[PDB]
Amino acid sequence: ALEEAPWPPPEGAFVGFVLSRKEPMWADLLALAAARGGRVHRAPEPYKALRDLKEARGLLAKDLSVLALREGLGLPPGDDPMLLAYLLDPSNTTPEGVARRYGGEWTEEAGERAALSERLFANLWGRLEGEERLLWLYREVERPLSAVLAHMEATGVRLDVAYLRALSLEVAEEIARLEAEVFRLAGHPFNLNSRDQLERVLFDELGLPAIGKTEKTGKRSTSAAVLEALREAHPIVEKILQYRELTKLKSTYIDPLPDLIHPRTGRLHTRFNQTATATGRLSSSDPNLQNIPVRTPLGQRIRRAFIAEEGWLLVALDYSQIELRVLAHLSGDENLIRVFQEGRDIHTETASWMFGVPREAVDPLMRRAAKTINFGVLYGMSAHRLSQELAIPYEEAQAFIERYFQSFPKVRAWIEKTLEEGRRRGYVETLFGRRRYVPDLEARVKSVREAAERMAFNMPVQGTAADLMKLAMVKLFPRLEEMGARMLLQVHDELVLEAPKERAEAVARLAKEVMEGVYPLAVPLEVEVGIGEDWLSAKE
C-alpha cells in the first residue's frame, strides 16, 4: 500500500486522472494524482496541480495532455502502458482489459489509476524486452505520435455553422417531399426510419421479392444493396433510397456537428484514438471526422463546411493508390512494381474498363467506383457480388478477378506465405513488425477460417500503410510548428493541414515531400496535394 505523500510528485512520476466524461476537450478534471518510488501523491486541487507536471506519463496520457492544452499548458504525453499493450497485441484497446491482463484493476480513483499506471508500465516494459521491432515502433512511432495527436485534438477545425443551419432547413423540406411520396405509394404512413416497419410494407403489403436476409436475426433485408436490385420493381424504392441518403446525412452530420463547436476555441474537436484498431490504423470519434461525406452532391455540400481560419488556408495531402504500392513492395511482384515506376493509374484504368470510357474522361466519381472494385476484388470479393456491384453477368465477374490476379502474379504467393506464417506463429505482421494475432486461421469451419484468412492477409497491407502515415505525421509535425502551420486531421492516407495564407504554398510543398520520402520502398510513394478555403476545394 503506497505511502500517501504530499503533492507535488517528483519528476517522472506516473499520473492518474479522472474525467467527468470521456472527451478531454469537454471534460471536467475531477481528480489528479501521481505515483513513484512507492508513494502516491493526491492533488488537493487538480487544475492547479496540472501546472506542476512536466509530462503526462501513464494510462491515457494523450487525453490528459489534450486537456492540459485546452487550459493553455504544455504538458506533452510520454510513456503510456496502453501503447505498449497495443503493440504487444492490438486487441488490447481499453484500460479495463489491459489492467486485467497485465496486473491490476481500472477503477474510478486517480491515485489508484496512478499506481496502476506505474505497475502496468513496469510489467509491460518487461514483456517488451527483446521485442526489438515493437520497441522501435513504440519509441519511433507511437510514443511521439501521441504528442502530435494531442495537438491535433486540441487545435480542432473550423466549421461554417451558419451554412449548415441553413442547409438543415432546406434538406428538411426535401425529406418531407420524399416521405410524403413514400406514404402515398404505400397507401398509408408508417415510421420510414424503422427498417422493421419498412420490411413489412415492402415484402408483405406490396409483395416485392425479398432478396437477402440480415445477419444476426434473419429478417428480410432492406439494405441499399437490396433496394438497388428492386428500384425497377417499384417506384417507391427509388424514393426510399433518396430518403435514406438525406436522412443519413442530416442526422449524422448536418444537425449534430454545429452543436459541437467548443465555446473556448470556436472550433470542432475530434478524438484520434490510438489503440482502437486491429491493423494499426487510427480511428476518430466524438465526432468521427474520418467519415465526413464526399461522394454525393449533398455530401459534397457538407464537406464544404469544413473551412480554414480567417487568413489561413487548408492544405490537403492524399497518398496515391497507397495500399497497392505497399502491396507491390511487400509482395515483390515485378509487373506491379513496374506499374508504379511507370506512373500508371489502376483506379483510372479500372474506371475506364468498367465504364467503357477513355481515361481522358474518368471523372472523380468514376474513379471512386473503381476503388471499390480494385480493393473489393483484391481483399477477396466473390464473383457473384462482383457481378452485382458493377452490373455484369456472373461469368464476367469471374474474368475480372482472374485477370486482376494473373496480371499481377506474385501477389497470391505473398498471400499464401503470409497465411502459412500466421498459422505457425499465430500472428501476421506489417513491414515494421506490427502484429495482429489471427487465431482462427486453423478453424475447422470453412466460412470462419476463410474470413480469418481475409483479415490476416489484409493486415500487413493496411497496417503498413498505417505505419507509414504515422511515421510521416511524426516527421512532419516539427516542421509545421517551425513554419507556423498546424496539423488538423488524418483520414488514413490523407492529412489536412492549416497554414497561414502567405506560407501555405511552402507548407504544401514541404509536406508533400516529407510524406513521399517517409520510408523509401521498392516503388515511389506519390502524394496529391491541394490548397483551398474549404476541405472540398482543397482536393482539386
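Residues that one form lacks are left out of the comparison. Positions refer to the first chain, counted from 1. Take the two forms, superpose them, and find the largest set of C-alpha atoms that agree within 1.5 Å; that set is the rigid core. What changes on going to the form deposited in another entry:
In a core superposition between these two forms, the Cα of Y394 is the only one among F183, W414, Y394, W136 shifting by 2 Å or more. If you fit the rigid core between these two forms, you'll see the Cα of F355 move by 2 angstroms or more. The two forms, fitted on the rigid core, differ between these two forms by less than 2 Å at the CA of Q290. Once the cores line up, the CA of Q341 ends up less than 2 angstroms apart between these two forms.
Where the rigid core is used as the reference frame, consecutive stretches of 3+ residues with C-alpha displacements of 2 Å or more between these two forms occur at 345-374, 376-378, 382-407.
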Contents of the next structure:
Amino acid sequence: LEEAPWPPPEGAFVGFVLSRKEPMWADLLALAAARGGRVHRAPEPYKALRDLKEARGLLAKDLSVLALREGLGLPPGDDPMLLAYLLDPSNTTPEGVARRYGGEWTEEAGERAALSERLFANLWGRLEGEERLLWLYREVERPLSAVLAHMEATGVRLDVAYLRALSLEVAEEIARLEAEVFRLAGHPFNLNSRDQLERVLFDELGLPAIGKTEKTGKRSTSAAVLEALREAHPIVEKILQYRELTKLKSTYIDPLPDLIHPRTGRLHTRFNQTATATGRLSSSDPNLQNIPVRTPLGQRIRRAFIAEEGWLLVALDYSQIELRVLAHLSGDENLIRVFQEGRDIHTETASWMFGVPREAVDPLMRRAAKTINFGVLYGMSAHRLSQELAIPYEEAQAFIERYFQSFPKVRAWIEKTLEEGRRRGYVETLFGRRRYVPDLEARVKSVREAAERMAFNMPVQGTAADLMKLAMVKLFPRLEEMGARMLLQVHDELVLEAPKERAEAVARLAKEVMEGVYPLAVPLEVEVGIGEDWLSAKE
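Could the form deposited in another entry be given as well, to go with the form deposited in one PDB entry?
Just this one chain is shown here; partners and other molecules are left out.
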C-alpha cells in the first residue's frame, strides 16, 4: 500500500475509529480512505469528513450518523457488512466478517478502509448469480441504511421531568412491598438475588419447587413458577409486582433520562442492521423497541415519549402481518379467504375447528384460535398448549388436528420448507433472504426438533421483516418531501413525527404506503393513531 495525502479520490472506501460504538456520543478519533492501493489519512477527522460525499465502508451507516450530527448530510453508501449479512445472516460484525473473508479487523481508520475494499471486493464478487439476494441489497439494505441513519440522528423527544416524578413515587411503592415481603420471611434479605429468594421460598418456606434452571440447574424463581404458586402463598403475588416495578424502573424510568443527548434533548437509539438471524432489525443503547405498554405502569412510561411541541406522533401497526404473510406463503385458500373476507382470523378460525353453527357463542373458543395461530407460527406443542391454555394432552392433540383439517397447506408448507431446508441447508423469505439451519439432519430429536422450529419460522418472520424493511425505504423519501420524520420502528409497527398542520395528512399516506408496499395474496391491514405522546397516539 502507498501512503497518500488526505484528499482522497472520488468514491473511496472510508475507514474510521470512533471513541466508542454509539455514533451519537462517540468522537471521530480518526478518518481515512482507500482506493486502488493507496491509503489516505486525514490529519484531522472532523474537517476531512467534509471532503466525502458519502460513506462507503463497514458500519457506513454509523459514520453517516456522526457526520449527520455535525451538520453534514453525508449519506451512507456501499458497505461490505451488509453484503455478508445477506450471504449469511450469521455474519453480524466486522471482526468475524473479516476474520472469515480475508482480513483482520483492526483499530486503524486506514487499515479499515483497506480492509473494506478488499472485503467489498471479495464479497461483491461472491455475489455472482445471486439475483434475489442482490435485489435485497440494492432495493432494500443499502437504501435503508440511510433511513436508519436519519432515524438515529433525529432522535426522540422524551419528557424527563415526568419520568423523574415516576421514579420517586415508584421507588416508594417498591419499598412498601419490600417491607411486606421482608416480614413474610420473618427477616429481610436482598430481594433481587434469585438465590436468596430460592433459599427463602423453597427452603425456609415449604413451597413446591416446580422446576430448575437451564445452565446451573438451581430451583427457578421464574414468573411462571411463581404464578403457579399464586394460590399457595400470598407473598408470591407481592413478589411478582416487585419484580414488575423493579424491571420497569431499573430498565426504563431511571436509565432513560440520562441518555438524553445534550445537543438535542432527545433519545438516540442504535438501529442495528446486520444483527438478526431472521433479517429483523434490533436496537441498541438504548433499545426503544421494548418500551413497556401492557401494565398500567408500563403505559405511564410510554406516555413519557412525546413529540416536539407544535408537532404530533403518528403510530402505524401492521395488523398481524406474520399470519397474513403465512397466508400468502402457505396458500391455504381457506386461510387467505378469512383475511380477504375482512374477517377476524381468531374468530373465523375458531368458527372452523369447532364446526360450530356460525361464529356465535364461543367466548373462550376465540381465546383459543389466537394461540393456535400464534402457535402454528412457531409450532407450539400440544403440551405447551395444555399448560398455557387450559386443556388436557388429549384435547391439545386434537385441536392441532382439527386446526390443520381447516388449514392443510400450512402443514404442507411447513413440511415442504422443512424438507427443502435439509436438502439445501437453508430456508428463505419471499424475496430470497436465507438463514442456514445445519442441525436439521441432527440425530438428537431434542436439538433437531428445535432446529425445525427455528428453521421454519424464519420465512414468515424474515419476509414480514423484508416487507416493513421495504416500506420503510419506500416511505421516508415522501416523508422528507413532507417535512415529517421517522422516529422509531418496532418490527411490525412504526412511529413518526409530523407537524400539527400536516400531521393527519401524513397518516393516511404512510398507511397506504405500507399497505401496498408489496401486495400479497392477501391485504396488509394497518391501524393508525395520532397523539402528543406514544401512549395517546393509540399505538
